[PDB]
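To begin, one chain is listed below as structure tokens, in the form deposited in one PDB entry.
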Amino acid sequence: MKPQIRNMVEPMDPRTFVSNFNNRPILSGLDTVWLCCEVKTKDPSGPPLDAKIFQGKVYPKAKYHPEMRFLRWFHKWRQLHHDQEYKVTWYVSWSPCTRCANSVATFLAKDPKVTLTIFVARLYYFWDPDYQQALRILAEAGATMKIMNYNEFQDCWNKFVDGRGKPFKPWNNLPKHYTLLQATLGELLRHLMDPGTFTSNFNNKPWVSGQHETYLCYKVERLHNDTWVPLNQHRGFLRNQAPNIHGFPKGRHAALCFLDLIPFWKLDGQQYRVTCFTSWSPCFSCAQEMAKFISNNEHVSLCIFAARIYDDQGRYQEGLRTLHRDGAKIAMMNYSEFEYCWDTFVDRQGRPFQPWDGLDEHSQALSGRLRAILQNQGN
């Protein structure tokens, strides 16, 4: 063999990084794509082998796109290095196009020893059908598609930016932008839920659970002459964001993330039915925000199916009554809803829905509780 010295990264200046890796989902003015690649081996506890920055205008003629430049460089690198399994990581500012995605899928087919992971700052044309198809080509060829969070921005700053020892300072709204982008990516990749996660979290057993977490599957329908027709695109599932110093410092409940996601869809003036299936009914704060949302969204009909009633140390009845008295339709999941969620949102791998013990009894009991809560008048 012949030895190749590392090639210490020629870094980008801080202002270019701050401008080009701002993860505001809708951001105009960026004409260049920046890609920061790093090649390691199977072992993550061994120092990286090589890191290189590529850039390029987003102009058609994908020949000069940074993904193609990386492909050329890394073919050379592979011919010059030991033949073993390698793990490439990308920090790319925009999501790739169809042409580059097909080239990458082809290369991964040719070189099955390379595992590629892509962290994107922003999703590029996530509403355009063909860029969604590009993301699917990539995910299908093996690559792991992810959104850059605070940790990946910090690491990119450390490894690829001319910070001069100064620490990475995050911008305003980095967690909210990350939440929106992660949800949209889950939609575009049609990400399905872990079977065990589903059974553990959606079990309508009254309280017997672990530490409280809320899972929310969502789907959209549109009105067409007194019958609802599905919208296959805006469907998926999310969970509550736990408190995080560099995320949401006090957390974000599932319902709040969901109400954040709805306006990002940029729906029409037509009537939409947004249905969700939550393992816990909304808390009081969630209920207040959903009431305000319904109060201010004429064309949106909220259907809430809870698997359990969350008792928020007292406020649950009042919150449920406000939510019922302000617009939302609220039901408790019976068998049919659990089976539909298992079929639609769960990575069932072909296995049918196994009903946990006592499902129908628990569903009827929860229905009775909800009926008593709603019909308990005040004055």
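Numbering follows the first chain given and starts at 1. First, how it differs from the form deposited in another entry.
Across the conformational change between the two forms, the residue of 317, 190, 109, 270 occupying the hinge between rigid parts is 190. Of the two rigid parts, the smaller turns 154 degrees against the larger between the two forms, judged by C-alpha superposition.
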Given for the second form:
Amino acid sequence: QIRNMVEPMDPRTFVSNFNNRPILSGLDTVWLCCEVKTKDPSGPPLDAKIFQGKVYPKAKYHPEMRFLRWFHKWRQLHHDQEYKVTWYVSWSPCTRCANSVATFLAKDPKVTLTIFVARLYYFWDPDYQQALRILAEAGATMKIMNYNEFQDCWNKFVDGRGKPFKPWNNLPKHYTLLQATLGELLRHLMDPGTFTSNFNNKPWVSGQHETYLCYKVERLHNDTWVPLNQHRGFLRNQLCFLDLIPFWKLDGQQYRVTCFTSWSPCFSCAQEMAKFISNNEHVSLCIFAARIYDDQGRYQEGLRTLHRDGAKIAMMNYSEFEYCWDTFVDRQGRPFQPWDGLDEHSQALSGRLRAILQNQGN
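Could you present the same protein in the form deposited in another entry, rather than the form deposited in one PDB entry shown above?
Only one chain is given; partner chains and other molecules are left out.
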């Protein structure tokens, strides 16, 4: 009945926009075919809708954001229940829409999203690779459209007046390329050079204009912090990573999120993390910084307000460096190679941070 629920797209726009040639400079349009179901899979679809947009700036008008607005208004007209949503989208999401959908998923325990993409948008760009990882960790199931999914989208959203779907040549080849790329970038870990370049606690002398953040999550179970292997991550930056962790999916209780950041939080990130740990009783925050970031502004107040709101703040030493090397780096068997005076630089930085956070004088 999906065909009765939607205003279908015509064939010559489907085969033009869902052609899965991995590189396709010219298609600056995005098509998103959405269907909504209840949690029982036997059940038929409650509703479906086709959203269109452009791929270029002002992303508030991208099909994903239009879906989010539509879905928010739609859920208010039906009795509250659990939903499983499926997208067939011609381009994978941009970085901003990835963040939006991801934080929506991490905050909503009654929504399951499966995104099928025909092509990977900017698959060569590290920012979009990270965007896909963010979507996946929030819990979106990311997949490349295969022949079956193109056939399904033809049958359900395209005015294919009784005609069957007929694949273009090289559809399976394109799928193989795209699926390998998606798998690789989903499993990607930090480059060793990126690690040692960014987490080195010797005083800045070049580059390092980006901040890298690795994080792990633990739950409590009979007064012992038990790890959650499956919800770790690492992010590169130039709103707040705690807004992308789906705490409602972990084995419910109390949580301890441990942070390892190459630069200590800027003012606004300390503010955002303080906001979060203030409005989330059940989440503890432990920050470990490799270097102290002196923004020439309000960074000290930011760190102090983060510390007052319950977060533990410290500098990385050998232990945390080795942990991050063994967990978040594509080290390839090779062991952690500490630099000289790592411990002494870490101790000096700890003294500086202690002075920063100290409230009462002695």
